[PDB]
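Single chain ahead, written as structure tokens, the form solved without the partner chain.
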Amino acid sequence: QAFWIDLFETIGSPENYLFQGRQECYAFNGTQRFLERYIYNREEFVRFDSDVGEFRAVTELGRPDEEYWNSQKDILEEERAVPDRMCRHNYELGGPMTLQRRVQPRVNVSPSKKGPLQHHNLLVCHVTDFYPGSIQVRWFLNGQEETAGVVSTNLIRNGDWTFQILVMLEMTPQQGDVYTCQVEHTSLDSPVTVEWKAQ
């Protein structure tokens, strides 16, 4: 039930200075890659990479640290251990809670502006509250897919473990036209469709 933490290594307008530390685990095809990033203000100056095996000065400001840390056999072996250690344990902790977390999307189809059925308009497909963020949104006019005229805004992260996207098609609708939004997500066995009638 408990998460693990490796401890960072030791170095060696208003006045403000910042230091940032990052312990990243890159999980891919049953493999873990560990990166320990040391950043002063916005400049990453020194880094440990499990793929490298040793510390590397990202910029010349990290030169003393690369030189020193690499001289200590303990620091090096401690770091090298991390992928099979902390990276693996924490990945294993996240079962269907984070690794397989699935939330179904809320699809709403509505025109951009209120007006007559002849002028130029945008048909908004507002797909909201879903996880993971990997999603497909297709536009269909009278059963045939509309590829051109799709104005999408980049996938939106709500910062509450849910995502949103607005996919709007450029349309000149005729009375009796059926516009269909088709959503493909990992949290659905069968795709969800929402139809819009001209009226």
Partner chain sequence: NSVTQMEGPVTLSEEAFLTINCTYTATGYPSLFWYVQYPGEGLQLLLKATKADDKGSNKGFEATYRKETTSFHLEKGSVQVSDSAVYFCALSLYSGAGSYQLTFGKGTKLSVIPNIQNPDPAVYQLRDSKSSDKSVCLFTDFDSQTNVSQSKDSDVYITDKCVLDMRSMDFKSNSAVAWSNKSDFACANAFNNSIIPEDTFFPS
Given for the second form:
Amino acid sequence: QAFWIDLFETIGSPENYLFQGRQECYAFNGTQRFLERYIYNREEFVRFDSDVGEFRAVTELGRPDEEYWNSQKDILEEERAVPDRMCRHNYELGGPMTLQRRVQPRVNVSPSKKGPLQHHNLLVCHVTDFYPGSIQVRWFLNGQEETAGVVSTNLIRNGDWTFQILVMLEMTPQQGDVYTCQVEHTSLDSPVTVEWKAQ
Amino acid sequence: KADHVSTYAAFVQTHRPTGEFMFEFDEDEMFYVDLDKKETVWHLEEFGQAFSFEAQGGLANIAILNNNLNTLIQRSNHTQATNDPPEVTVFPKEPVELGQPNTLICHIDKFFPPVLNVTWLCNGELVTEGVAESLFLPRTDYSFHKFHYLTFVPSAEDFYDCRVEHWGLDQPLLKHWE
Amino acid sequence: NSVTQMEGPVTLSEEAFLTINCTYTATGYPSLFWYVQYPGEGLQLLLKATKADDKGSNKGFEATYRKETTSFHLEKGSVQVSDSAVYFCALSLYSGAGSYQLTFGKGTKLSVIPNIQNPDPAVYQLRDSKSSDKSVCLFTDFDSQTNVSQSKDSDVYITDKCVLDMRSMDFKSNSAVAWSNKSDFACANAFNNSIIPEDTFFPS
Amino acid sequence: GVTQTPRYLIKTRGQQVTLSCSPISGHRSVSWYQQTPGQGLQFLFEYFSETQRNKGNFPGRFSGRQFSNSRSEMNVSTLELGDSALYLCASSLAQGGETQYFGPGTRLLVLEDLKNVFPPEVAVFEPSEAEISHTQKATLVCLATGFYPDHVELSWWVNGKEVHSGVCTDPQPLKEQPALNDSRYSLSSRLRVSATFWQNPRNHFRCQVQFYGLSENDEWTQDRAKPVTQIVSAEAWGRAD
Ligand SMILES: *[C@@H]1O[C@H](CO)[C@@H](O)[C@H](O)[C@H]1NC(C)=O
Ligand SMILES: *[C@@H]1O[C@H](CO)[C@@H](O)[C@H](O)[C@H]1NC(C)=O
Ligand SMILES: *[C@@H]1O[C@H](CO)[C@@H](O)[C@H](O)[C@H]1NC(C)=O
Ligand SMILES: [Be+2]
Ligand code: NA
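What would you give as the form solved in complex with the partner chain, now that the form solved without the partner chain is on the page?
Next comes the full complex, this chain leading.
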């Protein structure tokens, strides 16, 4: 169950110069597409797209590299082998660990401001700790869906393999009104609904 | 077009961190190579147990990238990039419930180069404990982002600051939190 | 992780159909290769195939990466005398840090025998340019089906058949050399253990 | 492209050898293989950017190194008779090292003693008048005899220029004493030419045999001449008759 690499091709305020590399594998419908990027500072100057089948000088700073690598069938055939080699291999390692990692969302409904139940207020649905990022967060007022006045922060990555989202509705609560936040996610077998009663 | 994006991202530069080799699955970092310790560090224990990564792969890629850096310092006639200042956001991991342990996240985003100083402040005082951090995480725009963490217990008579330092900043930037 | 290929030395006539069998047994992702080793040199890549169904083609040779039979069988429609060499089948498997290691099969020697157009079998005597005393017997211009046999006699030396191409005349001729430190030895006697043709010219 | 030095080597059991490899410009992957009739191609080790990426299953006496310019050197200490083989070196431009370019190799022979090392005696045999009359073709034979080991390279020279057309040399040498492990060798070669070419005294035929024996660095206790690496040749002039 080992991770495989592709060796980047060899080329050739305080003082600082940076070189960045990117080896991206895009898995879709049993296929793999590979993108090798050579970036000087923030300038991607030369790249290899498996869909192109050859190196291309993204900027003119990569013209010597595009020229040289494309003149070398050994380097071209090695880079072309990447989608079916390391991309495929690495993708096929990850069983229900990364490809099927599921973390259930924790849901909390709380109004933004405290006070009398008649005025303008924001009702917050703080959906937390889920994985993957794809989530559906709906707002309901007395069983009917509220589409208008829904202020969303959009998907927030916590950088710890969990996400969060704050979906809030602009509400003018009347006494006895039932506000329901409904979350749908792959980790959930049924929707998770959290209620707020007007008070 | 992709169901998933598995990517190896690496950088090499003159200032600290002098290099970084990492692997990310769907924008989240799975593992990286501690270049000094010459060993793989996994993000979650369940990764280290399920998989392996020979750290030599990381070191080999960094050596090539250092060669590539040198060639480009020359080719570009020592072109140093503009220092892109960071956008800093502070937000809790969990909803704030006074008395219940939570984690404060500091997201230092959209900066270049990956040369940064970050400190957590509780009531204007430096916090040394319950602190963790991400690597200099890659962005599709070849800029960087980083996450700093602080385990804290929310109390109304406490405030927090994320004091960040970057070259693109005229002075340290403090992002305040409740 | 091994390469199993066609045993012993294959010997074919010129223009014949060649098949050098090669089967692999490896860890899911190997790339497949055919290396050729011409007499006297090191190996040289002939053909390769990355993934299953890929066909390697070069010098009129072809091998298909067959996942079903786990094979990379080398085929040539009509072999040339120039193809006489030793063929190696090989595997490429990941060997850490973005490196690959080749795993070769035990080589297959191939001897391509030229088809002789106007055979004139004969056994001539050649005298040494230094001493008249010293001489060799040369069995030349014979047919390719004629198999030169080793010496039954102790102090008698006979070489195997060797084909020379006189390119400018588009002429190819097989030849063997027999010699001995005398005295019972004569050119008529020379190739006795060998089943020489009926047509053989022995001058005096 | 791939160069390897020395081409041929004769060593005594217990001695040590250093074999150099100059890869193609700018191949950085260098692989070493041992080629034996007994075990075929056996992987030794592979280098890339000075580091030994992989190693085969050979004892620690078989070591290797790679320099900054990608040149490599392999060493075999405490030599054994069974170390006698072709030491092949292969370079690769592709950094994964799959597409390999092989050197000519270093032919290594390990012996108990250098007492049985002999240079060849070479003779040129002028064509038969019978052949010239019957075929209007003239075959010259060259014999290289009594040489040990078969670290020999035969060539034909007509008027001080190497000739390949109308030539063929025995693919393998002949054992002068078949029932003998230390048997001296014999090798024949033929040069076929037209009778019009042979029947001209202007034409000079030389059979060059390069022998690879002992160096200037080798011990020589025997009474006979040191069987040094030398060229032994024989000649014949085109005959008007
Ligand atoms: C997936 O690939 C197959 C061909 O192998 C094709 O028929 C099908 O339409 C593709 N599906 C999608 C969703 O693109
Ligand atoms: C570097 O400077 C020289 C002039 O000294 C110029 O010819 C060359 O184009 C420059 N290269 C770049 C990429 O700035
Ligand atoms: C980081 O901190 C050190 C110590 O104060 C300082 O020397 C360095 O320049 C800092 N730079 C920034 C802007 O991160
Ligand atoms: Be690559
Ligand atoms: Na590559």
